[PDB]
Amino acid sequence: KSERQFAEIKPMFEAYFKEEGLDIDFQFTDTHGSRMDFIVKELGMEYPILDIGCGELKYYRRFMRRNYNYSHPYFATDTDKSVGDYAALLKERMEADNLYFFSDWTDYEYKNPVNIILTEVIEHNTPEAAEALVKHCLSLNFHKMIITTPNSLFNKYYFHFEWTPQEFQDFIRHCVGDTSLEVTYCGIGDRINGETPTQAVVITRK
Amino acid sequence: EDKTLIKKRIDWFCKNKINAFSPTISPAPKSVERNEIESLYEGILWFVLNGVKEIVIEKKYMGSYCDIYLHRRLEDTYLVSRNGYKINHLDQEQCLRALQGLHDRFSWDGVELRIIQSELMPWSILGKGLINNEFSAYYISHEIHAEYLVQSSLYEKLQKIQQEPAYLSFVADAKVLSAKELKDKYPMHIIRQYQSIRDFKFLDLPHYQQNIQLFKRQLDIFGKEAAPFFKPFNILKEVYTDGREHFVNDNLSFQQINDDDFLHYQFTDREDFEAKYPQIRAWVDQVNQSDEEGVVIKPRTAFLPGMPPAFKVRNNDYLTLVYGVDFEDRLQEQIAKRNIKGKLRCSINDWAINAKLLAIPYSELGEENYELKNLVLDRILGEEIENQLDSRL
Amino acid sequence: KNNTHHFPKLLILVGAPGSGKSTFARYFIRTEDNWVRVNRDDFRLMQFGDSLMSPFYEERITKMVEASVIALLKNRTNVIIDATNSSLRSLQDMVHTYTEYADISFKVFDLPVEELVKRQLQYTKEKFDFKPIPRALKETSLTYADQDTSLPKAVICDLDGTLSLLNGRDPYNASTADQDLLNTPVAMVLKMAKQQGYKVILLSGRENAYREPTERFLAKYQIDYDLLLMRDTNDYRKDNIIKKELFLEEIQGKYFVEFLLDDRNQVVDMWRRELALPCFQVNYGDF
Amino acid sequence: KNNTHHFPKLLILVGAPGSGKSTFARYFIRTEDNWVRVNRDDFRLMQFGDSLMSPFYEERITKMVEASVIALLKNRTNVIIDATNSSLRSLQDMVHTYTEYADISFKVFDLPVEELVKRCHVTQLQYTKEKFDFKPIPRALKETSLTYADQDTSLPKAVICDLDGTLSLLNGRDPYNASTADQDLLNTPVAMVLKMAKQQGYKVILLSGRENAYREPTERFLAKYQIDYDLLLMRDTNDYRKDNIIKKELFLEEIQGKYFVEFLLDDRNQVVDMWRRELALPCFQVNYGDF
Ligand SMILES: Nc1ncnc2c1ncn2[C@@H]1O[C@H](COP(=O)(O)OP(=O)(O)OP(=O)(O)O)[C@@H](O)[C@H]1O
Ligand SMILES: Nc1ncnc2c1ncn2[C@@H]1O[C@H](COP(=O)(O)OP(=O)(O)OP(=O)(O)O)[C@@H](O)[C@H]1O
Ligand SMILES: Nc1ncnc2c1ncn2[C@@H]1O[C@H](COP(=O)(O)OP(=O)(O)OP(=O)(O)O)[C@@H](O)[C@H]1O
Ligand SMILES: Nc1ncnc2c1ncn2[C@@H]1O[C@H](CSCC[C@H](N)C(=O)O)[C@@H](O)[C@H]1O
Ligand SMILES: [Mg+2]
Ligand SMILES: [Mg+2]
Ligand SMILES: [Mg+2]
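Residue numbers (our numbering), protein chains in the order written: chain A, 1 to 206; chain B, 1001 to 1393; chain C, 2001 to 2287; chain D, 3001 to 3291.
Just so you know, these hints were derived from the structure itself, not from any lab. For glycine and all other residues, C-beta sits at the position ideal for the given N, C-alpha and C. Please note that a few of the clues may not be correct.
Unchecked claim - Derived pair list, reagent style PhoX-like, types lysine-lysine, alpha-carbon separation capped at 20 Å: (1) D:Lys3242 <-> A:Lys111; (2) A:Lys91 <-> C:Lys2074; (3) C:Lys2191 <-> D:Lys3157; (4) A:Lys144 <-> A:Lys41; (5) B:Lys1356 <-> C:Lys2118; (6) C:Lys2199 <-> D:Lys3195; (7) D:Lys3157 <-> C:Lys2063; (8) A:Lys41 <-> A:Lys58; (9) D:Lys3142 <-> D:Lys3131; (10) D:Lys3198 <-> C:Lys2199; (11) C:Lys2107 <-> C:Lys2009; (12) A:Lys111 <-> C:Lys2001; (13) C:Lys2238 <-> D:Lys3074; (14) D:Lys3242 <-> C:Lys2063; (15) C:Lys2191 <-> D:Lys3198; (16) D:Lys3195 <-> C:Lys2063; (17) C:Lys2194 <-> D:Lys3157; (18) D:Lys3195 <-> C:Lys2194; (19) D:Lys3242 <-> C:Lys2001; (20) C:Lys2009 <-> D:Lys3063; (21) A:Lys156 <-> A:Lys144; (22) B:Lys1015 <-> B:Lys1003.
Stated by the list, open to error - The following residues of chain A were derived to be distant from chain D, with all beta-carbon distances above 10 Å: (23) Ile9; (24) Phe38; (25) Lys58; (26) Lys111; (27) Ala132.
Excised from the complex, chain A in its bound form:
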């Protein structure tokens, strides 16, 4: 139940799994949010963000009781008619003052730079319309984009589609192709012999 408590048990569980033939780096927070932490850390609070794919969880987090002073507005979009209607109900002034929610991509007009979140999305709904959405996003005037998908190599450890890395890495390569982006990869969540359960890319425009 506590971070500190977790700190004492961590090495024990970790060592136990070594003798079984497994380097495991256990983590307290839970894949999700373990992830959402990484994103908030990485992006920062200095550009307005574009939340592609959203029940609202990432939006609240960007507001955290003013603790993170979010100066910008907040652009969020999603195909689910559910989400859109929930977005509406938030414009009955249950706050959501700087929430612009848009459904058709020809409604996003903001010509200014943006930080982008592809939460999970590029698998856990659409398939190879992923090539589409990721390529459309790259045309947008952005500063930094973060993309997350399942690791598939991780399925060994549990009880739509799902790429491995390299599968995923190729996808990114064949969407930036030749543009002057800078691109770095890394994993999120519990790590077992190198593989985490979610994959990540941090794309930054030079």
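Dock chains B, C and D with the ligands against chain A, hints included.
Quick look at chains B, C and D with the ligands alone, frame taken from chain A:
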């Protein structure tokens, strides 16, 4: 209470055309005097003390509360539950079949609906699994436990030690000296052991079994499955084709809507009762020997202002399903923790709301009748509150 | 553009005594989220009144019903109204008064009089039609009064709270007004005013008695000024009407007013809505 | 001075339940001449309930009570107010909220607790610790102490003008669709300020709450009426946040520390407040706002 999801529920009560909710029912007030935790006597006496000149006695049925909305077209009747919900996960054929007992007892020229409150039988039509998971599990545990104690040398060895001179020495020079010394009985070594024995709860193993078996016998009567049928007991109101409605307000409706089952009807006004009590009690004890849950007592006219609709008297045999296998034994201690009020406080409200509900005409039920919606939410609160009670009454 | 903006909701419950409006609103409050009731009758009760009172009370009540509704709508709060009027348009005022502030909705509780007295008649009776109106706006231009554009072009400026900061002086005893302070940006306007073909005209509520300490304050901060019209000593009546007068005597049709710098509300209103002149209001003046 | 000058009165009844303040008032408003009672409890009875409610409701009840009192006091109607409050944080606050509008007066209703719970409740004594001294408090103003902000007087002199509804009246136009904005009409008096402004060394900066998407129809309007401006600052395209938020950003990013603002001209209140209250800058209000 979550408003966005209570708004939901109320809309359903309106959509479904439900015209009444339900009373809770409080048990009969104590009788420290007669050591009956639910007193047939003190529950009838409570009523004469508050103005009943005529009361009626119905058997209490072991099922689930079910308002029957009998339509002349029997094919389109429906069933609403204890609270505000429709029951439609039963074989609406097999159900309609059982309901034709009831339907054929009437005349439906110019009568289009007849709202009748009944017990949907038997217990396990909706209650099995609560029967499996809780009740049969309590049973089996205790029964397993009792097997062990009987087969096992345990109780024996304990009794042999409890005799030795080492022990007893301990239990005397420790009943009189208080956590002392140290009790230079080897630390703790002995102080542990001889203290744990002695504080061990022995059990009259045969009596423990007889008790377990009574639980079984009861669970076997009420708890066994199950071809759906109805024990109708009160007509709430009759709805004519010609717009008009008839608010029955009579619990004696009973002998018409089914239940050729023996009820009875006494005029005990102003303590000529007491001389009247011995006959009513004489027949109810026939009922209890006759494998029933118990008995309910109601004022002859269904609604009286400032009144509860009824009192229940669950016999002590049935009550072992409610309380442990050892209700029979620790009878007194629980007569003590008991307070029939709170229930009685809610029991009056529920009914009194229910009648202002029934008061609204069938034609008017819907989402544009905000008097309906108010009464409901009012009734719904009554739930949220009444549920927080002892929940064993 | 397509952002669309979202305004509070004002819901008028039209019906006649017995309808069901107060029973709806009872359910409607307990089940909905952001909603407050505003009922004219409960206000009477606050004055210890059965129903219907002096036209006095009735009038003063009204002034605080509009107060409490607008105060709510501006806090962005949906407001429901038990319109105990529903008259041959007592609705239109209700609509004209609020439509500036909220999305107006209606809910008429119609009911035949044989049922309505389940406790006489009440005429409907209309071409009204209860279309949900959006928010409004208007005041879409300024009727700046036709002015003789040949008279010497000039500007006009209050002293107290405009050019002269009291710094805690007695606003009624202007004898110390020379040790008062300068509202530099107001003064900066009068500086460039002169340098363009403008006559700077001062105009005060200071009684003439305190003119010496005024002219000293002006010299001290080197204010360059052409007229100085003041209150008649021991005139003592409403600040507002004094200026109104002074204008119509001294400045009206003798200069050309380009604009006025003033501070106190009572006055700024007079300038803009009586004399139809342009009036920039430096800083807040609610008294 | 020497002169007579009177404001309405606010009579604060201070005391516990049963102590007889609502009884006095019923007698009082019935015998005195020009008085209106304001009860907090009567308010939360429009919202159906017994006299304590959600911190949502009670905050809204406050918003209404205050509005009404001021509403009336402004109308020169005397107001008696039935303070169930009774504390000090309440009283001192009550005084702050009100005195500037009218002459405050007090009437205490003390009464032995043995006698007090005989007005039939909940046996609960209240914070009656004879504090403050209930001396009457005449109307006070507080604010002719205007104090701006310490801006670097090295930076170049500059004025600041709103466009929508200050230098450029709508004349019917849709507020949020400033595409048709070359038809707009000139508020000449403001226009005249901006003229004489640039005659002295003043940079004239136009700062507007228009979508930047409507820049072109704007520059048209400006050169059409011959407006001589230095900067034209516009709201980000697809922004839509409130005026004062986007204008303030605009102010701090651009204007701030690069210029020395001598004053500002604007229309709508929301914005005027920000300029004055947050940024501590002189801002003249050209027409009436309250949009
Ligand atoms: N003759 C009868 N008249 C009324 N109710 C009866 C009758 N026979 C059985 N009942 C049922 O008994 C119920 C109350 O007794 P019981 O203790 O068995 O149920 P319960 O779970 O206590 O209900 P609640 O908790 O709502 O009081 C009534 O709601 C009804 O369902
Ligand atoms: N749909 C309904 N069905 C049955 N009874 C209703 C219905 N609506 C209201 N009532 C009852 O009618 C009575 C009075 O109606 P109500 O209080 O709604 O009048 P009202 O709308 O407040 O009129 P006013 O505010 O002008 O006096 C109440 O006792 C209420 O319970
Ligand atoms: N001098 C008095 N002698 C006898 N009874 C009195 C006297 N003054 C007031 N009362 C009675 O005491 C009761 C309470 O008085 P009142 O209604 O003025 O209380 P209150 O101070 O307004 O409380 P609340 O804060 O609830 O408004 C009333 O019924 C009133 O008739
Ligand atoms: N082409 C597309 N455009 C917009 N949203 C899309 C999309 N394809 C998939 N999605 C959305 O992606 C969403 C992922 S759920 C979001 C995960 C994360 N825990 C969060 O709360 O932010 C789904 O709601 C799905 O509808
Ligand atoms: Mg039962
Ligand atoms: Mg002034
Ligand atoms: Mg404007």
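Going through the numbered hints above, which ones does this structure break? Give me the numbers in ascending order. As far as the earlier hints go, 7, 9, 14, 16, 21 and 26 are violated by this structure, in ascending order.
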